[PDB]
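Enquirer: Each chain, written out:
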Amino acid sequence: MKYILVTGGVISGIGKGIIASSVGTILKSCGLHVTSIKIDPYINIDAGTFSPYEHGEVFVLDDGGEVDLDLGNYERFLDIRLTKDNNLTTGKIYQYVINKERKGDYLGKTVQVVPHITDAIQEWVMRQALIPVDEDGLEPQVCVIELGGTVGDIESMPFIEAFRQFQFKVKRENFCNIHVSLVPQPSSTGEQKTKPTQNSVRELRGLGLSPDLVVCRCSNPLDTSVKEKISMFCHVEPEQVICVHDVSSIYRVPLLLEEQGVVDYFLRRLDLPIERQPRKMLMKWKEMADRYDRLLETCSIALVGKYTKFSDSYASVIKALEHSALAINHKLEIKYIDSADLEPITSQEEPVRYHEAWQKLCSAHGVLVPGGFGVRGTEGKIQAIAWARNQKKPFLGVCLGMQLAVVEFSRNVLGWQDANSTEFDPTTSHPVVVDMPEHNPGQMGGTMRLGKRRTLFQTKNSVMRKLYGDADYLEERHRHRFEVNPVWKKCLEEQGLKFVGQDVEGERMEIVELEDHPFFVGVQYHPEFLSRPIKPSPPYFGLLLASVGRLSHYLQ
Amino acid sequence: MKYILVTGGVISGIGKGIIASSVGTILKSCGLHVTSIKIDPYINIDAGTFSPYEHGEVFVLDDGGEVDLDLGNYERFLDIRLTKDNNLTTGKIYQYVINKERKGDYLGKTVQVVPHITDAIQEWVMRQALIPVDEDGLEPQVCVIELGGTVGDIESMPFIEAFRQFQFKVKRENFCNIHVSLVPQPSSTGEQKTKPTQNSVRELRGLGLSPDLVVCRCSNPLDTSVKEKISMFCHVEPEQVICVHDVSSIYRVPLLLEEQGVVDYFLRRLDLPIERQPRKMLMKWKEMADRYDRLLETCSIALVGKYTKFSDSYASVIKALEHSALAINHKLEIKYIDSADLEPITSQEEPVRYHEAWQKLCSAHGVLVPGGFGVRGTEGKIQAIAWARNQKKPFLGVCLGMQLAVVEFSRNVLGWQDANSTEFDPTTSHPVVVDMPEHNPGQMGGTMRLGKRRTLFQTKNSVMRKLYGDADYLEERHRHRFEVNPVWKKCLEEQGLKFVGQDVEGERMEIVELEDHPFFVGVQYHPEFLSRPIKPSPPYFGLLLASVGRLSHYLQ
Amino acid sequence: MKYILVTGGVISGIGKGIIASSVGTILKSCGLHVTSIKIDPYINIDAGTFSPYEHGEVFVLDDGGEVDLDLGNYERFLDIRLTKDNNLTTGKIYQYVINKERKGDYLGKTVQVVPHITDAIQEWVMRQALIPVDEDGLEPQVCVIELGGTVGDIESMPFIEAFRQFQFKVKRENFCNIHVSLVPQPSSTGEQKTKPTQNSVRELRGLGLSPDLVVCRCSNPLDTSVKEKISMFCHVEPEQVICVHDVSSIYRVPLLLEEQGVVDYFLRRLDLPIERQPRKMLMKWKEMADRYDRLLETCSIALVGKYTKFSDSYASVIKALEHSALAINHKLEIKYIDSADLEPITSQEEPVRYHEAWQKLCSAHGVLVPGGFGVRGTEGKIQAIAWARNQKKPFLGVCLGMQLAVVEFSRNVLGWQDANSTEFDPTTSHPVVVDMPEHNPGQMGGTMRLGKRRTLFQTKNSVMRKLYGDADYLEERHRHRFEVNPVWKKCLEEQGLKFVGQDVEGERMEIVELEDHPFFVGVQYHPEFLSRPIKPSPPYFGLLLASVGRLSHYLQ
Ligand SMILES: Nc1ccn([C@@H]2O[C@H](COP(=O)(O)OP(=O)(O)OP(=O)(O)O)[C@@H](O)[C@H]2O)c(=O)n1
Ligand SMILES: Nc1ccn([C@@H]2O[C@H](COP(=O)(O)OP(=O)(O)OP(=O)(O)O)[C@@H](O)[C@H]2O)c(=O)n1
Ligand SMILES: Nc1ccn([C@@H]2O[C@H](COP(=O)(O)OP(=O)(O)OP(=O)(O)O)[C@@H](O)[C@H]2O)c(=O)n1
Ligand SMILES: Nc1ccn([C@@H]2O[C@H](COP(=O)(O)OP(=O)(O)OP(=O)(O)O)[C@@H](O)[C@H]2O)c(=O)n1
Ligand SMILES: Nc1ccn([C@@H]2O[C@H](COP(=O)(O)OP(=O)(O)OP(=O)(O)O)[C@@H](O)[C@H]2O)c(=O)n1
Ligand SMILES: Nc1ccn([C@@H]2O[C@H](COP(=O)(O)OP(=O)(O)OP(=O)(O)O)[C@@H](O)[C@H]2O)c(=O)n1
Ligand SMILES: [Mg+2]
Ligand SMILES: [Mg+2]
Ligand SMILES: [Mg+2]
Ligand SMILES: [Mg+2]
Ligand SMILES: [Mg+2]
Ligand SMILES: [Mg+2]
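Protein chains in written order, with the deposited numbering: chain A, 1 to 556; chain C, 1 to 556; chain B, 1 to 556.
Because the hints were derived from the structure by calculation, they are not lab data. Heads up, a few of these hints could be off.
Same chains, same label: a pair holds when it works inside one copy or across any pair of copies.
What the hints assert, rightly or not - In silico DMTMM-like cross-links for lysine to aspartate or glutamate, where the CA-CA straight-line distance does not exceed 25 Å: (1) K103 with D85; (2) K489 with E379; (3) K193 with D119; (4) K193 with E155; (5) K169 with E228; (6) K109 with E54; (7) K92 with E155; (8) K195 with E135; (9) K28 with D105; (10) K103 with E54.
Let the hints inform the model, and build the full structure from the sequences given.
Expert: Right, dumping it as structure tokens:
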């Protein structure tokens with residue numbers, strides 16, 4: 001199998017990820033079945049531990065694996081669904097070698113980093129590369145491997161070494177290496193300076209790998225004499241001296257690499273089954289990018305936050321909204337609102353923030369109410385929901401936004417004001433939302449409803465069923481344990497909120513809609529993770545359709 | 001607390017261990033309470049997995065820890081008893097950090113090698129340095145840390161980094177570094193060449209440490225101009241350019257370092273409480289070394305082997321015999337004999353080896369019969385035992401040598417030829433030796449009788465009790481699970497073999513002696529691990545006393 | 001003697017020069033006698049070869065040495081006059097060692113880079129540091145040494161090695177090292193990234209030096225956590241982690257380093273005779289900087305060029321004008337004009353450039369006409385001179401601008417249109433300007449009038465004599481060989497141009513002025529090289545005085 005290892009030379013920030021994703025995208029566009037693996041030199045075995053602030057979102061796979069948000073990029077650039085094992089980590093590798101020592105798979109020899117850890121890397125890469133990622137059964141042709149960290153770091157050492165050995169195991173006509181490095185230009189001279197590229201590539205071959213492609217970060221398009229200076233250090237022709245100024249969108253990066261002529265070089269080196277064709281389906285992607293730069297019209301809508309500021313806390317959410325907004329042909333505006341200060345105590349005790357938050361909320365012609373854990377802002381988000389309902393604004397509740405949409409309707413519509421969750425308020429008189437973890441054999445204790453599960457539509461009348469394509473059921477990714485209590489469902493039947501989706505077991509109600517309102521729905525799954533730039537996730541699409549006012553027309 | 005980190009520059013073979021041990025020995029001789037830690041960059045958490053051929057012997061601590069044979073060196077050079085934690089390993093460090101991540105001790109941050117693994121090293125070193133190793137309660141003054149592997153290796157990277165940071169945590173007046181490197185002389189020119197010292201020390205300060213002492217391996221005593229060339233590269237005066245030609249014994253290495261003047265430099269740098277004294281107890285050690293070079297007289301005696309050749313398979317055993325032989329004022333000769341070819345099948349099928357083995361066994365005026373596991377040679381060693389008994393030769397059975405001494409007496413003396421073990425021959429009609437593992441609360445399944453246990457003498461009449469000092473009981477290190485069955489003890493009472501030692505529980509018989517023979521005993525513990533060069537272990541001493549013929553006189 | 005070696009870590013562009021100059025300036029401001037040396041790892045022995053375009057201007061010393069423009073910076077920041085030997089170059093060092101080999105100063109030993117080249121560096125640094133640079137006779141207290149190139153480059157290797165050895169020769173309380181490195185912030189995250197500082201300092205101690213100060217380039221003021229991250233890599237407290245965002249002027253850099261507290265650290269490390277004083281004369285420099293940021297009012301004036309664009313071709317010239325303009329309290333505007341296209345052929349053949357040049361020349365309320373060599377634009381600059389004379393605009397002719405001021409007055413005023421130079425037009429019928437090189441004993445052939453020479457005023461009536469302070473003579477730096485022919489001086493006596501300055505020999509006329517004009521003068525020397533920011537050079541001052549219209553008042 002062919003392999004592309006992507007590494008970084010100077011600093012970690014250089015966006016190795018978008019490079020690797022873009023090379024993958026192009027090879028997919030050439031009709032090749034491409035798989036991708038990411039190495040995260042960190043100790044964490046999985047993503048599950050992460051608090052979303054400091055490292056970001058947690059992504060979820062079809063198999064139920066919690067993984068890095070960087071894997072989600074590979075899933076949105078390539079039409080693929082990853083298994084947990086295409087995230088390789090230091091924690092995973094060391095843990096697996098540790099386990100093999102205990103078993104005695106090592107025959108009572110000493111276990112060393114070399115060869116033993118390095119062999120573990122090579123077995124894993126081979127094994128995972130083989131697994132079919134696309135819908136198609138046949139095995140993949142190329143594997144794009146992205147290695148995190150920078151050459152010279154301690155964390156990366158066992159991986160670079162493994163790849164030094166790997167380049168021999170996989171033949172030369174099968175291995176290739178892309179190195180990304182920085183060509184910094186000081187503001188004064190403006191000269192795109194060469195030195196960091198020189199030293200890092202020296203370091204790399206002192207580790208044992210050598211660049212087959214060189215990727216060159218800048219603020220601006222590159223000089224030829226600069227590329228010729230790079231060429232002179234690094235054995236390489238300027239046409240493999242690929243360069244990347246910062247640009248308007250991630251969607252452009254694969255377009256830029258096509259302009260840079262990378263395909264011809266991979267046909268030349270990797271002997272690829274890309275037969276040469278005058279048209280390839282990339283023309284569609286070119287049209288989409290050309291449409292993206294054109295876009296004009298607005299609608300201010302809110303995302304209801306709990307953290308102090310967006311960094312990565314809503315990354316897939318914002319992308320799902322953006323996919324929808326492009327399909328809608330509108331610019332999204334995301335009005336970030338901390339709800340934890342719209343609540344009464346801080347309404348009095350920081351009144352500047354309180355009026356500011358209401359002024360943002362009065363700009364929203366529609367609201368997204370995403371998920372949550374713990375109690376941070378959990379008494380505040382309820383005001384944006386109630387506002388959307390009473391102001392008749394388009395609404396989508398996601399995970400905890402759905403649990404809060406049930407509680408608020410009980411509090412305000414039913415008159416069941418005593419009603420509350422089990423997360424916050426575990427003392428509650430009438431616990432409307434209760435802990436209900438999944439339990440299975442071979443497992444100890446209750447566990448989170450995590451990963452893809454089938455949710456089945458109760459009735460035909462649903463808007464979500466229509467947006468879904470009038471299919472009988474859907475399969476969507478979950479990550480929770482709190483559910484609406486099944487006993488209390490009865491109180492709802494008389495009134496206008498209705499459960500439209502339920503679990504196959506029947507135990508859990510997973511979608512709700514409010515009648516006599518333009519659009520108002522809540523879901524227990526996380527539709528963001530299933531969104532793709534070619535086709536948005538239907539719930540986000542429905543919200544944006546509704547926010548512009550297109551919804552009624554769309555159904556037609 | 002003061003710290004001495006000992007590292008290697010060029011190759012691993014340079015005997016960093018004997019250096020570190022010798023520095024420890026000297027500081028102990030100056031009246032300082034010295035502790036020692038060893039870092040083994042290998043993945044193995046503990047020694048227990050090792051098959052003794054490829055990595056050597058397994059050492060046992062007072063706490064029951066299985067550790068490297070290199071820790072045993074620190075225990076014989078310094079009058080100390082180590083806990084398992086003064087062996088630090090990559091496996092131990094990574095495992096402990098992994099566990100802390102699962103607990104959430106990391107507060108949902110990412111866990112990285114730096115700072116997290118590096119902090120784990122620093123907490124461990126501090127914590128262990130504090131624990132009292134000597135009999136005295138008060139904490140140690142200096143900790144000698146030996147780091148395995150060579151600078152520049154991947155395995156050592158997290159430790160060198162930890163020590164770079166550590167040099168700041170512990171003040172300059174508390175940290176010091178010894179670097180050992182090689183001054184190779186080609187046979188032709190004979191010139192003690194400098195280059196490897198130069199590059200490795202460059203590498204070291206590129207890692208962040210700098211030598212405070214430089215230790216210089218050679219075949220021959222060093223030139224001044226060579227030391228001045230080293231000095232010019234490495235910022236250092238020739239008096240810190242310590243050198244080590246290969247020498248006659250390990251016992252000399254601390255003598256050579258005293259000649260090299262190391263004490264004065266540690267007083268100068270580490271501000272040590274060594275008050276200056278004209279005599280220190282090292283004069284005794286000087287006498288012992290001077291006696292060691294004098295020694296003359298022989299006795300050929302056998303060690304009964306199962307492996308094809310000695311490397312390290314009997315290392316503590318041979319040292320125990322040597323301690324005894326020095327106290328006896330005789331040169332030891334160890335006649336290594338593979339018993340697995342004295343048995344009948346190979347007696348016929350490789351007759352050259354069979355006659356060779358008997359010619360060795362006919363040289364033995366006494367025999368040591370050490371322990372064993374599995375079935376390799378287990379039908380052969382029985383012939384050396386029977387030979388010693390019927391030839392009336394001085395004998396010591398150790399672990400499996402004791403189990404075989406019980407079985408043979410049953411087979412030949414009792415006429416219970418049906419008698420056999422449970423290890424080999426699990427089908428046995430009359431299982432004389434049976435699996436009896438120790439069982440305790442908080443443990444799952446049976447486990448090995450491992451570590452120090454108290455064995456109590458049944459009677460006064462014992463030779464071993466006399467060699468022990470007429471004490472009521474002893475405490476000695478075990479590593480087994482097979483014992484003589486307690487039911488079958490009755491058959492013995494009539495005849496000349498007698499059990500002189502038993503467990504406190506009473507469940508297990510742990511020492512045996514045969515009457516009407518010059519010296520013939522077996523033990524379930526491993527007395528080697530308690531031997532020290534100043535005072536041999538009594539069972540080995542008794543064997544050598546008996547082999548020379550001194551025994552009868554010694555008791556007087 | 002104390003030494004400060006200044007080196008660079010990441011890239012050459014980081015302005016090591018302004019750092020080194022600024023440290024020098026501060027120590028001078030503390031009353032210390034400071035000398036400075038620069039190492040230029042280039043092969044060129046001297047500056048003389050350089051064509052000013054590609055490497056810049058050529059600077060001239062009092063002794064007649066042609067040196068780099070970077071030495072001129074040390075002369076304008078410190079009130080000092082350098083000898084040729086405080087420029088050390090690879091060419092100079094290798095040449096001197098080569099010469100010593102030929103002499104046999106090496107006693108027939110082999111000559112090697114180490115020790116021999118490295119010793120040559122150490123002798124030179126010691127020797128030069130000792131020479132008095134200030135007017136004062138007593139030797140210097142501190143020597144600031146700037147080393148060009150970046151750590152890790154081949155060119156710098158013999159110098160870093162010399163300094164590794166030198167740190168021992170000069171005691172620790174006498175050597176210190178400043179390392180400058182880059183903390184690049186990408187536009188997206190804005191994070192002031194650490195990695196390049198880490199690697200370069202590792203490289204440096206792998207060369208053998210270690211930073212005593214760390215200087216940190218950025219676009220913006222630094223974060224504390226970033227400095228603490230740097231500190232953790234490089235053994236150093238954040239108060240030695242000095243930082244430098246880009247700023248408005250070079251004059252601010254020493255102010256920023258005072259804010260950064262560098263003085264206290266040099267008192268602490270270098271034990272300096274700075275006695276502690278509450279006021280030091282730096283208050284004047286603070287006032288000057290505060291005045292510099294205030295400045296408002298303009299006058300558009302031209303510099304008449306021959307090259308296509310300013311880079312460094314007029315660097316000291318522009319500084320001299322700027323010193324004058326600050327003393328004048330006006331912003332300078334330098335209108336750069338290529339004269340090589342105001343001439344008739346290109347006036348017709350590139351008419352866009354011709355009209356553009358005249359539009360610039362019509363903006364000029366005064367003109368500077370700097371020097372030249374060869375024939376580039378030599379038929380064009382004559383039009384700006386004639387324009388200034390006939391338009392009655394303030395004028396200064398420098399070197400070739402003076403030779404052209406003589407020729408034009410002959411051509412247009414005298415009617416001696418046949419008159420021309422010997423440089424261009426060597427066929428000339430009446431050679432008004434002729435080659436007259438200086439000749440001396442011990443020299444072969446004629447040579448350039450190069451370096452300081454005394455020019456004596458012919459009469460009292462001169463404006464330049466008044467601007468000079470009514471002194472009898474001046475001493476100014478020359479670099480030429482063409483002079484006005486002495487025979488043709490007679491033609492001038494009747495008319496309004498007059499020679500006011502002449503050589504001591506009497507052979508050469510060196511200053512001219514035109515009567516009945518607001519200000520119009522030419523000089524054979526280069527007054528820029530004598531200008532200082534505290535006191536401008538009088539001819540440039542006179543031009544700016546005249547250009548604003550202040551001149552008449554100034555004399556009062
Ligand atoms: N396939 C990808 C890759 C990146 N991104 C966007 O780019 C950012 C991350 O850029 P990346 O290419 O991962 O580089 P960095 O994360 O900046 O640095 P690294 O080189 O460590 O990846 C994310 O916010 C994400 O929205 C994306 O949308 N799709
Ligand atoms: N000698 C070192 C230093 C750091 N790291 C790794 O560096 C990673 C952080 O990457 P990056 O942000 O690129 O490094 P920083 O140290 O934060 O430097 P910068 O300020 O340039 O980000 C951490 O996971 C850590 O394990 C490493 O492997 N080896
Ligand atoms: N305190 C010590 C140290 C070493 N030895 C002897 O020396 C040998 C090991 O030498 P060592 O000092 O450990 O160096 P090497 O093992 O050769 O190499 P390294 O530097 O990795 O230790 C062992 O066979 C052991 O008998 C000893 O008796 N006592
Ligand atoms: N960093 C260094 C050190 C030394 N040399 C060169 O090393 C040569 C001497 O070679 P060799 O004898 O191999 O080195 P020694 O320093 O003498 O070391 P050794 O004791 O191993 O000979 C000299 O010409 C000197 O220029 C060098 O190029 N670079
Ligand atoms: N004492 C100084 C030093 C520098 N400069 C100005 O700064 C520029 C050069 O900056 P410098 O400090 O020499 O750094 P660079 O030349 O950019 O790079 P290097 O680090 O190689 O010097 C020159 O144009 C000069 O006008 C100055 O006026 N006075
Ligand atoms: N391995 C190398 C490469 C280059 N140089 C030196 O680098 C100097 C040029 O400095 P700089 O401009 O900093 O290097 P560039 O190669 O031009 O790189 P950049 O594009 O970053 O300027 C030259 O004098 C050359 O002798 C060196 O000493 N060693
Ligand atoms: Mg990434
Ligand atoms: Mg350059
Ligand atoms: Mg060892
Ligand atoms: Mg040599
Ligand atoms: Mg400079
Ligand atoms: Mg970082």
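Enquirer: For each hint, tell me whether it holds in the structure or not.
Expert: These are the hints, each one checked on the structure:
no.	hint	result
1	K103 with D85	both (21 Å within a copy, 23 Å between copies)
2	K489 with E379	within (23 Å within a copy, 77 Å between copies)
3	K193 with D119	between (38 Å within a copy, 23 Å between copies)
4	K193 with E155	between (28 Å within a copy, 18 Å between copies)
5	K169 with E228	between (33 Å within a copy, 15 Å between copies)
6	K109 with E54	between (41 Å within a copy, 7 Å between copies)
7	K92 with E155	both (13 Å within a copy, 18 Å between copies)
8	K195 with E135	neither (45 Å within a copy, 42 Å between copies)
9	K28 with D105	neither (38 Å within a copy, 43 Å between copies)
10	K103 with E54	between (36 Å within a copy, 19 Å between copies)
Violated hints for the displayed structure, listed by number in ascending order: 8 and 9.
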